[PDB]
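Enquirer: If you want the building blocks of each chain, they are given just below.
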Amino acid sequence: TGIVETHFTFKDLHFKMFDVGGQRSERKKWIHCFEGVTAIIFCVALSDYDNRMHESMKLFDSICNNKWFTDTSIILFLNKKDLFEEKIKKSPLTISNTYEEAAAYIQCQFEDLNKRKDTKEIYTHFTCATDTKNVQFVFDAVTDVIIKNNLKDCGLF
Amino acid sequence: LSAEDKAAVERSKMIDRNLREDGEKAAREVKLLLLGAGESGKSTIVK
Amino acid sequence: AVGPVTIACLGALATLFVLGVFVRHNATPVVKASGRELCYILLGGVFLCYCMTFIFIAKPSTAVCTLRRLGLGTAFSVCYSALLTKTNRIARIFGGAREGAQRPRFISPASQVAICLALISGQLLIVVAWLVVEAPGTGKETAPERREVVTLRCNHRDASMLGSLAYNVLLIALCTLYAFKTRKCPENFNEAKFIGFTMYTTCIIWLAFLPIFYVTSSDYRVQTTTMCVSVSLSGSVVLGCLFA
Amino acid sequence: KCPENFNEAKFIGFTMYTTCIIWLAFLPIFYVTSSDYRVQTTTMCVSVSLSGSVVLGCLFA
Ligand SMILES: CCCc1cc2c(NCCc3ccc(OCc4nnn[nH]4)cc3)nc(OC)nc2s1
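Protein chains in written order, with UniProt numbering: chain A, 182 to 231, 241 to 285, 293 to 354; chain B, 5 to 51; chain C, 568 to 811; chain D, 751 to 811.
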């Protein structure tokens, strides 16, 4: 259809959730409507590494350098790791073979794509199919972002 | 300004009070945009 | 008279040096971490605390007694009001995250100045009212011991004391409470320890002042020196705890 | 800088500093008030009570 929206409340805090990926039109024409959104939640497929990851990295690069998103914070979720651990053996991460090395290399090759390091931060996470601590991570990141913005506005930071 | 203007300004004041209350309430919601590539497990993340 | 004057001059020079240091480096992260506008106001209050000695050694006149009545309360009020507002905005900022994504009211670099000036103006109002009730005057007092080389004194030194003192004590209590509330903040934004030590040391100094003032009712000169030294010491305690 | 039981060492340090301050303030007052006995006893009593209260509140709170 169009844009899909969801509500959920956590720790007496209100959360608007905007799914927009189904628009299927020119992103640059309407992307500016979302200036001022507190956080951007990105999702990266790990098991789709052999190249889909080049496309995913290019898409990530574009979002960081958009002019509207100069000061917005990025929350990154790395999914499909349960299959990734087994896929390393069949397809090495070069396409020091290990789970930790591949995870660190992926994390570094993404996190090294924001020039204005001082302006914004890139929270990073590893998510599995089943985990109840994801919402706690979102809460603990959003509160930090809010505090940083309030401090920067008054000149204290 | 006969009673017509008085009624108009009273109604305008009620509208402005309602708008201010709604905006103050709605300034507390935390908005989160979702992005990624297709078939990247976004449905599982949302669920 | 030489001693207290020398101490006051040294204190004024030290305050000027500290102010010049903060000005030169006003863009560094640690200076921005603290309020700059309230830091300047607090430094001005410390400077006035030192300057009060010259007023208290000048020959009494129709104008000098008025300055003696105003500045004494005004300096303390300035310093404590600055501390109260500075700690308050940080406490509210770190407490506001519970509500969520709501910009706190009156946290601009200009609203704080307004609040601090209002708090000072309250004390100014009290002092001016009591000044209107009893006009300043320069009496020449002599005592039942006919010997007394007639002394030259102000008219009603004690008229406004209790009101100003009560106000200042209320401000100190509020400052201590807001220092307690903010003990869990990050390192650069947390100063509860220094505020506690400042308040404790100041209270100790004035408690020590009391008996020396009582026992030296004779030889007024001793009383004046034991008030100039106490005021300068209070200013120095504030400066050392907060800025060093 | 030694955390043993909820970092009591720094609390001991705070108690020591405060007691030093109280004793420094009190010692000259006795000689200055040697002239009058009533105020001398009153100040001694007040100083002793405060010296106990500092240790109590600073360390055991
Ligand atoms: C913890 C609380 C600290 C404070 C203390 C304090 C204070 N105390 C000084 C009071 C005093 C003592 C002897 C005097 O007699 C001497 C004299 N006076 N004129 N000529 N000789 C006069 C005044 N004054 C004021 O402002 C009013 N604010 C404060 S805040």
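Take these hints with a grain of salt, some might be off.
The calculated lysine-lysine pairs, modelled on BS3-like cross-linking and capped at a C-alpha distance of 27 Å, are [claimed, not checked]:
(1) A:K312 with B:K35
(2) A:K314 with B:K17
(3) A:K248 with A:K192
(4) A:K345 with B:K17
(5) C:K707 with A:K345
(6) A:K349 with C:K748
(7) A:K317 with C:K760
(8) A:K192 with A:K257
(9) C:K748 with C:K760
(10) C:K748 with A:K314
(11) A:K197 with B:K17
(12) B:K29 with B:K17
Everything labelled a hint here was simulated from the structure, so no lab data went into it.
Enquirer: Compare the structure with each hint and give your call.
Expert: We went through each hint and held it up to the structure:
At roughly 25 Å between alpha-carbon atoms, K312 (chain A) and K35 (chain B) fall within 27 Å of each other, so this suggested pair holds. Among the hinted pairs, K314 (chain A) with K17 (chain B) is inconsistent with the structure: their alpha-carbon atoms are about 47 Å apart, more than 27 Å. Taken as a hint, the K248 (chain A) and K192 (chain A) pair is broken in the structure, with Cα atoms around 36 Å apart against an allowance of 27 Å. The straight-line distance between the Cα atoms of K345 (chain A) and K17 (chain B) is roughly 37 Å, outside the 27 Å bound, and the hint therefore fails.
About 63 Å separates the Cα atoms of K707 (chain C) and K345 (chain A), which puts this hinted pair outside 27 Å; it is violated. Our distance criterion of 27 Å between C-alpha atoms is met by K349 (chain A) and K748 (chain C), whose separation comes to about 22 Å. Restraint check for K317 (chain A) and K760 (chain C): the C-alpha separation of about 32 Å exceeds 27 Å, so the hint is violated. The hinted pair formed by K192 (chain A) and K257 (chain A) fails the criterion: a straight-line CA distance of about 33 Å is larger than 27 Å.
Between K748 (chain C) and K760 (chain C), the direct Cα distance comes to roughly 12 Å. Compliance with the 27 Å bound is thereby established for this hinted pair. Distance hint between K748 (chain C) and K314 (chain A) is unfulfilled; the C-alpha atoms sit about 33 Å from each other, more than 27 Å. A threshold of 27 Å between alpha carbons decides the hint, and for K197 (chain A) with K17 (chain B) the separation of about 30 Å lies outside it, so the pair is violated. In summary, the hint linking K29 (chain B) to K17 (chain B) is supported, as the alpha carbons are separated by about 18 Å, within the 27 Å threshold.
In terms of the numbered hints stated before, the structure departs from hints 2, 3, 4, 5, 7, 8, 10 and 11, listed from lowest to highest.
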